[PDB]
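Colleague: One-letter residues, chain by chain:
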Amino acid sequence: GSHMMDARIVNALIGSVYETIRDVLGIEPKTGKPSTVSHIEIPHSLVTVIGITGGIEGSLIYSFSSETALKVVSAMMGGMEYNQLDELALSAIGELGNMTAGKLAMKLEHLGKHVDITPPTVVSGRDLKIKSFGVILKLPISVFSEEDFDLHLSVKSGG
Amino acid sequence: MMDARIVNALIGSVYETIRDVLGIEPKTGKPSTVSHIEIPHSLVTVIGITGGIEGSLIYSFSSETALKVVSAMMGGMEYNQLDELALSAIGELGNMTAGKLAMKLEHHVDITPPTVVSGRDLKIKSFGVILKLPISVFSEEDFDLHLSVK
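Residue numbers (the deposited numbering), protein chains in the order written: chain B, -3 to 155; chain A, 0 to 106, 110 to 152.
It is worth saying that the hints were derived from the structure and are not from the lab. Just so you know, not all the hints are guaranteed correct.
[What the hints assert, rightly or not] Covered by chain B, according to a simulated footprint, are these stretches of chain A (three or more residues, beta-carbon under 8 angstroms):
no.	segment
1	47 to 59
2	87 to 94
3	111 to 118
4	130 to 141
Where a beta carbon is used, it is the ideal one built from N, C-alpha and C, also for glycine.
Full structure from sequences and hints, please.
Modeller: Written out as structure tokens, the structure reads:
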């Protein structure tokens, strides 16, 4: 049962964000200031969940608008036009999360924390609310536009 | 799907949680291998699995079924809105299911803390072969259990 979340974990998260959206999207992101939040407040219609076990128990969750997603997917495909979030689109979105989570695990297994990453599960919908357990950390991220990316790290334990 | 003994404890965790928590006997309908997930629901609970098997245990239901669910857990009282107490209860249903999934799986896999997502017209994307399993608790197939794997 975590009540706090180690700085090394935050810095490994932040590091994984740059390396990831850079290599997968071709864009150097502008991470925000990390902060602990009472719960997850999603304004967006898209949300991706990646479970984490072992070293740390919790998840990694990111979300954005339908608009931002189309850019993301279009960027992930060399910049080619994409106007409908179909199966292929939603898989690209999930993969972005998988990569970020993949880099995080990688960096983490050097600080002593060994973790397993569950495959992503993408959820699109309207008045989305999300219940996460453990200490919730928020990381505002700017990819294309100012704070167009929400990244939340749920830490039930391992902190 | 694969190792049938994996499946049995996976479906058995949801069944047993519904029985102990909601206090009623569900009719776990006939399994099926679907291409994706056609969710006509407002509440979804995701429980990730790592180690041996990789994927997630996901069960979902409508806003109407959700109220009924909350009523069962709340001393059999009456519940008319999907407020925070309702979401906290469904979040609890998740932790029980997760709790049972762990307890029942001691004979090399790890369980992820559950995540409860709620909203309107929830379209869900899962990674891996999916095993759909309808479940009757309060109405005919008001519960739908989805199992995605490697």
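Colleague: State whether the coverage of the segment 111 to 118 of chain A by chain B holds or is violated, taking the criterion as 3 or more residues with Cβ-Cβ distances under 8 angstroms.
Modeller: As far as the segment 111 to 118 of chain A goes, the hint holds, because 7 residues have Cβ atoms under 8 angstroms from chain B.
Colleague: So is the segment 47 to 59 of chain A in contact with chain B by the C-beta rule, three or more residues under 8 angstroms, or is the coverage claim wrong?
Modeller: Since three or more residues must qualify, the claim that chain B covers the segment 47 to 59 of chain A holds, with 8 doing so at under 8 angstroms.
Colleague: Mind taking a look at whether chain B covers the segment 130 to 141 of chain A? Criterion is 3 or more residues with CB to CB distance under 8 angstroms.
Modeller: This one is violated; 1 residues, fewer than the three required, reach chain B with a Cβ under 8 angstroms.
Colleague: Are three or more residues of the segment 87 to 94 of chain A within 8 angstroms, CB to CB, of chain B?
Modeller: holds (count 5)
Violation of the numbered hints given earlier is confined to hint 4; every other hint is satisfied by the structure.
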